[PDB]
Each structure stands twice: as C-alpha cells, then as structure tokens.
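Shown below, as structure tokens, is a lone chain in the form deposited without the partner chain; questions about how it binds or moves come after it.
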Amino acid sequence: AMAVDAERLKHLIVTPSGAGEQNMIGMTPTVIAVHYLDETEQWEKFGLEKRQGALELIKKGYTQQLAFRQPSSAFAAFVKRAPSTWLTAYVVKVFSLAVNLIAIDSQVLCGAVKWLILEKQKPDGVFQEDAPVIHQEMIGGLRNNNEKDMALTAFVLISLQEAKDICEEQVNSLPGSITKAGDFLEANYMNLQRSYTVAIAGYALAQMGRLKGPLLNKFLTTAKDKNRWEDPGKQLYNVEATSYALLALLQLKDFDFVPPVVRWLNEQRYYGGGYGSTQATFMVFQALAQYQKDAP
C-alpha cells in the first residue's frame, strides 16, 4: 500500500507540558509522528528544517518527564502520588521507540523495567495496578474492561519486549518475567471474550512465537469480516485493537490477513489528536509504520 500523506499529520506536532501524565499525552503524538515519517521518508515534501523543530520537542518532553521519576525509578502523575503500573509501563514503551530519535538515558529506562518486575508482578505472571492514573482517557481500551489482569499484563509485557535487548544486561530477571507473563496469557487466552483483549494479548504472544494452534484460530476468527477487531462502542478502541492485530499479523508474516486490515484502517481516516486519543494515535502509527517497513 501507499504511505499516508504527511500533510494530514501536521497536527501531531504537539508541545509537551504538564504533570507526569499530562506531559506524556502531549509527548506521544510528536514521538510517533517523526517515527512514522522516518520510516516512510516524507521529510522532503514536509521540510527537513521542521524535523529538528520537532526532534527537540521530543527532547523537551523527555527531560520534563524526568522530573516525575520517583526514587524507585517509577512514574506517577505527581512526585508524591503513588506510582502507577500502567504509566510506568507506558513511559518505557514510548522511550523505547525514541531511543533512535533522541539520547535516552538507559538507567532511567532499565530502572523502570526492574521496578515493574520486582514490585508489580504477581507470582503467576500477572501485573497489577495499585494506583490508577488520573487521566483515564489516555489508556485506550484498557478503560473499563471486563478483562482484566490479562489486558494489563499484555500491555506491560509488550513494553518489556520492546526494551528487552537494551535492558537485558542490567536487569537479569527480565527474561524470566517475560516468560511468566507469557505463561499466564497463553493459559487464559482461549477464555477471552472481548476483541480488544484478544488483539492486544495476541500481539504479546506473537512477539514470543507463542501464538500458534487454537490461539491463532481464536485470534483470526475474532476479526469481524476478517478486516478489523471490533467492540460495540468507542471507535477509538477499535482502531487501537485493530492496530495491535496488525502488529501481530506482521509478526506472523501473515500477508494474507494484512492487506484487508490495513485497507480498513486507511478507510477510517484517523490521524490522531484530540481528547482521549493517546493510545489510538500511538498504535495506528506504530502499526502502519511497521507495515511500511515490512511490506514487499
């Protein structure tokens, strides 16, 4: 397929400002904007002088987010507020994708990973949130989900895998935690009912090579008309879920299921931005960029 016109992505250049959560909301679209334009290579029809004008904004959001880094290398909205399991895992997720953009201090990234594993992982692999984020609209379809330990564990695990190579040396309990998280997902994947959880956990399993057999059939047949993973309401959740599926399909090298999924995503005409658009904006452009990188 053809890459998205960069002229429709101008509104994603957002100046980051706010608390430990407010800053990441504004940081997210900027980071994923240049990441997409890097792969698709549209800096010529958009102006290379603007690249540095956005690259330094990412640096700004990074340094401003460091002020909310707690002594346990965890992250919360406030320096006094109890650290969030999701927010910390989201900081790792965004920073891992921006390691080739700006200078990301490895001690910050690995410290957060070590905290998630040591203090926030149940012995059965489950990651638990003990201090939810204030802005509940920045967590996408994880908001008001019946399922559960599964959805959160899948989310955190995806972050750990995106930072596995860069923090394998410092944190040795990382491959063990990854396996444990994957064991819980695989053991309860067939019992999933919501398409969102099927999509996000399916991607987590696919990154391991543990999305096979009945788990795969469950994943593929959950797709409405073989082109999207749809839950009744909140379109933004369905875009986010389909993006996770696309990433899972690209991991499986399944180029029979990729084109109709990509085709559907492009016919939604979603370019991110707005209230509660953080996850969808981050997902729909991480997936489409991965598609551009992998498409023959």
Second form
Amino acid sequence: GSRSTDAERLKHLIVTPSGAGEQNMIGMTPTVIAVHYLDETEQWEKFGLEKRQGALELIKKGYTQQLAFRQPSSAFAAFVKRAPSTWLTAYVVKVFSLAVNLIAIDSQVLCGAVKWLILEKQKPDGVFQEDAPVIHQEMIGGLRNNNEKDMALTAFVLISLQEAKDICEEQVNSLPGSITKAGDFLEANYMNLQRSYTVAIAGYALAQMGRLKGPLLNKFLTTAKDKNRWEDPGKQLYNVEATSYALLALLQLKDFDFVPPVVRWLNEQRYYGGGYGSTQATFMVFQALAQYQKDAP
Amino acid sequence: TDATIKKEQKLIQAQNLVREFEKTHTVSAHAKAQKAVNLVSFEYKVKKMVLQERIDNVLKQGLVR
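How about the form solved in complex with the partner chain, since we already have the form deposited without the partner chain?
Below is the whole assembly, all chains and molecules, this chain first.
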C-alpha cells in the first residue's frame, strides 16, 4: 500500500447541495465521495470525527432534495417535466449505490431507476442511449467527447448497474440479462476502440464481469502511457478520470503488479477535486483510491 | 422460495449489525449496519423503519473512532 491522501487536502469537499436535478448531484458528489474515502482510510479521528456527522447531514439533504426530481417513471432530469436523462439517472444510481453505507437509501428509488434504464433505454444489442442530454455537460466528464459515445455511455451505465446489483438483485429480474447484453456489446467492439478514455471505462465495466481478458486485456494494458496512465489529447481532467477507471479495472483483475505505478501517477497529480466540471474526476479518483486502499496488499 | 430465506437472512444480518452498532458506535460498525438495513426488503417495511430509526439514534449519541 501507499500513503493515504491527507485528509486536510479534502476539507473543501464537504459541500452543501443546492440547485435543481443536475446541480444537486454536482453538490452531492464531493461530500459523498470525501466521506467514503475518509471512512475507508480511517482519517476521522485525526481530522474531526464530529465533522463526519455534519457531512452525513449534507448527504441526507442531497438525497432528500434529489427525490423531488424523481419522475413517475423513476428516472431523473434537471426538472420534473424535462425529458429524463439516461446519463443522469445512471449517475444517480452510481452515487446512491456508494452511499448505501452512509445514509438511509430507498431500494425502490434505486432499483426503480435501474429498472427504467433497462426497460426504456437499452437497445436490443445492449447499447444504452441518451435521448435527453443533461444541461450541465461539464458534469459528465470524458463522456462529453462525441467519438465512441455508444461504447463510452454503455460502459458508464453498465458500471452503474453492476454497482447496484447487490442492492437490486432480488427486485429487478431483468438486471442479470441486461448486464450480459451490455457486456456483449462492449466485448464485440472493444478491440476497435481508439480513445484511451473509452478503453479505460469499458475496461473497468468488462473487468467487473470477468470479460476483460485475452486480447482485450492486452489492449487495455498496452493503451497505458508509460504503464501508469490512460490519456488522450484533451483536458487533463478526463485523463485523471480515465486513469481512475483503469485503476478500478486493475483492482478488479487483482493485477497488483501493474497497480503501483498507476497509483503513483494519480497521487502525483495532487488532484483533490472540487470546482466547475470536476464531478466525474472527483468522484472517480477518490472511489479508485478508496478501492485501492481497501484492496491492495 | 429460497428467496424467502434470502430476505429472512438479510433481516437477521441487519438486526445483528444494528445491535452491534449500538454496542461499539464506530464508523466501521455504522457502515455495516446502514448498508445491511438498506438491503432489507420492503416486505419488512416496518422493522426496517425501526432498525433505521435505531441507527439514527446511535448517530445522535455520537461516534468514537
């Protein structure tokens, strides 16, 4: 293991959630992930055990406010009368799934959104489509890029369904089949991918269902630059996000031989999240480092 | 009907971890209890509410490490 990221660098992540359906999740993200990370790396004592209760209170508040944007269909959008966003609904699932350890979360809200994604937004070939893009395009990170969108978004939604599986197993009968279909799609097109970002996110999605192996795994590993990062020419934030997805993949594969350089690069970026357009980078880097702190020998 | 046993087991797991949270008041115990409760089926909507209320109360008392 490597040294934990110092808790003091994270104090600005405890934020009050405000705004409508999208903005509320933008505010909820940092606080949920900060608490998640600090819990895993056990830094509350040497940082303010009582601050944690305040943070839990803000999470509670985000969760509650987000429910005001839950539409009759179980999907989410910035406003209740705006067409539901496939990405936002999947993102809500992703966040609430990680928060099941922190506050009370309604299974029917979570699985209702999972069920809706499967039943309404998945094509017969496994692809997940977005029919109503979110207003806040800066909050979806590297998925903002137009190339390999079907792959990138399908990997993203599949990741959310996989992280909700434990919670939704018993109540969403179609879940297992949907995960398989989306996997089939990622697998059949993985070798043709050109962007490091997609390689990394589809990589993690395939690794969770043990389908990242053989030539696909070789593609995933050789895409890395200097064996420590997944990057593309564009904003550095997408590279921090991509490398984090890649790290989660590696942890899923238990390839602890390749892990050290990647964690080192991430740590050397001194990226502590927060701010405009930092949602995916903030959530992902810390989910990745927390998983690392929890898994790595 | 193994599905009835799973749900019954989730319920026991929750009850046990919640009782344990009431005993140690740690962040670790809080997480296990909270997750466990969130996993109990709406079938036990009532004891789920009581278990959750029990969690909220331990949180009101305060955690210690």
